[PDB]
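Quick setup: one chain, the form deposited in one PDB entry, written in structure tokens, and binding and motion questions come after.
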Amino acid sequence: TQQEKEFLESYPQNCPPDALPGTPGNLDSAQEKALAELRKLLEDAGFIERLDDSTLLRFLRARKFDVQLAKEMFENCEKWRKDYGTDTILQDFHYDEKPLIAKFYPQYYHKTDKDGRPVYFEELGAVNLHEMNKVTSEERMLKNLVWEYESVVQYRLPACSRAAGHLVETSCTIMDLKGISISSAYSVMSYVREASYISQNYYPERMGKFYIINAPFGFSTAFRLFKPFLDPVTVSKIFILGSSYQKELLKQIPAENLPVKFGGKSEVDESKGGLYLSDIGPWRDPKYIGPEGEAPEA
């Protein structure tokens, strides 16, 4: 379809050459063969959508380029999108509760990192589900999560790719644990479990960086101790920081892109809902919005 063709050639499709192997534009002979094989296998099953290089390579990387297991993971995902209504969630779901409950679990995207990734912030430590459940449900919070993911894929990543000069398939997540207790950790645990399950199985290879900040001492000490036994890919992606996280964040995010409260210089109009209701980034800049148009407002 022209439509889909126009969209694909409307932003850069190659990852930088120093990215991980098996990423778009960085494929060896074997990898290119696995991609072509997986594609025809999915075409033979009648799939017509989501068969672009970027998508299929993510499923291949998630299965170490085992073509057969990538096919099964892909087919599992399309079945979930069917049962959950994912393909129309942007039109069907309406998180009208958000101004009322945002402060009880702040979640927001704000600008980009030095690699061009959209930066996602989650103030898990402030979570108050007792107040949240007066207004909304875990089921609706997960719908809102998938809504945002669909908005990342459809509108934030293509804009971030154009603004960066190269393909951007991943986000940079900052999770603030300030205020977390054993009690509230248990209360958010079911939500976090379902969110990771959805991320790993239906959005594979979308995690580029994951910073935990204000981590309690026991949690941070454990990571510092087991850090040497981690996959070198993993140790470049996951950071568990305590109270002094600002300098580490500033190595990864330009100071003018990082919110003031986290050691940066980026400001929002605190009178108009400030950070918690904001969605600022290149996907709100006409310079970087392509034929998909501008992302909806939550």
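What we label the rigid core is the largest C-alpha set whose atoms superpose within 1.5 Å from one form to the other. Shifts are known only where both forms have a C-alpha. Numbering follows the first chain given and starts at 1. What changes on going to the form deposited in another entry:
After superposition on the rigid core, the single residue among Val135, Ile182, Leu225, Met189 whose C-alpha moves by 2 Å or more between the two forms is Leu225. A movement of the C-alpha atom of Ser236 reaching 2 angstroms or beyond is seen between the two forms when the two forms are aligned on their rigid core.
In sequence order, 224 to 236 is the sole run of at least 3 consecutive residues whose Cα positions differ by 2 Å or more between the two forms once the rigid core is superposed.
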Second form
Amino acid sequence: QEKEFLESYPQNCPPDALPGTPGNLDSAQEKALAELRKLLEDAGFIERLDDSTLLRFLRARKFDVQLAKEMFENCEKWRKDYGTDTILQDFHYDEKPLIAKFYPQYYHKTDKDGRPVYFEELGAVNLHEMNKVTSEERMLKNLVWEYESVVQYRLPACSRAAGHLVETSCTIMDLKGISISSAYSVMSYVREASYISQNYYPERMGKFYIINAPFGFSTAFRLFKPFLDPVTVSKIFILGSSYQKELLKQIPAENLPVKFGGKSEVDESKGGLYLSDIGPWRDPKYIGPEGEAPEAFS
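Now that we've seen the form deposited in one PDB entry, could you pull up the form deposited in another entry?
A single chain, with no partners or molecules, comes next.
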């Protein structure tokens, strides 16, 4: 199944993409990739040795082969202990219709480069109400579940729809309603989620828009700017109460939801935006041999 699944969708990043992305390797990047491939092979590894996976790890370690082998090995260790390799069957987030309003997290269509768009309304989160029903451990299970649906279903379909490899998502994080107090209360979840993201899903973040940022924090960020990695800085966007134009630059109006200033609508019979999962991975044109992605609840 390994070799056919990847033949089922375009595997080249567009050429104007960052160096070391599939299809765009120079000689040395190619040598390093072959080298790390063989080094993992000899260690007795089989699956997930494709070009995309390994160039993500390498980009994450600036193509240092040894540290990339390291990070890969730790990631597989975590996959075994956590049960990731089967979570899509094992875990069932039956509470979602109940607690979605208390931490809106949802995927919706694609940006102009073909990336699935991911939305988190962090500033509206109410862990008081969420903790009446579920736990942080289960929230993180759902997050990994969603990441696995991204990798196994959302990205292959997005790649077919865009005509080229799609490896990343475009995140929109709404800060409207945030406070120091609610920051402390979400701190533990956000830090766990980040750890998972950076270490077991490297280079999956393509854009990261913060919107309704408080005036203070964005001024601060412009001064603090040199302290971050320049690539990371170019993927980040701080915006205030008027973000609609800058979002509509990156996401077609019929893809971006109305409440953020586009034209895309969801009908509230199914439970509206917070419970939806609309995009090319639900489109018969783009669903491939992997089948359609599972729904999160029934």
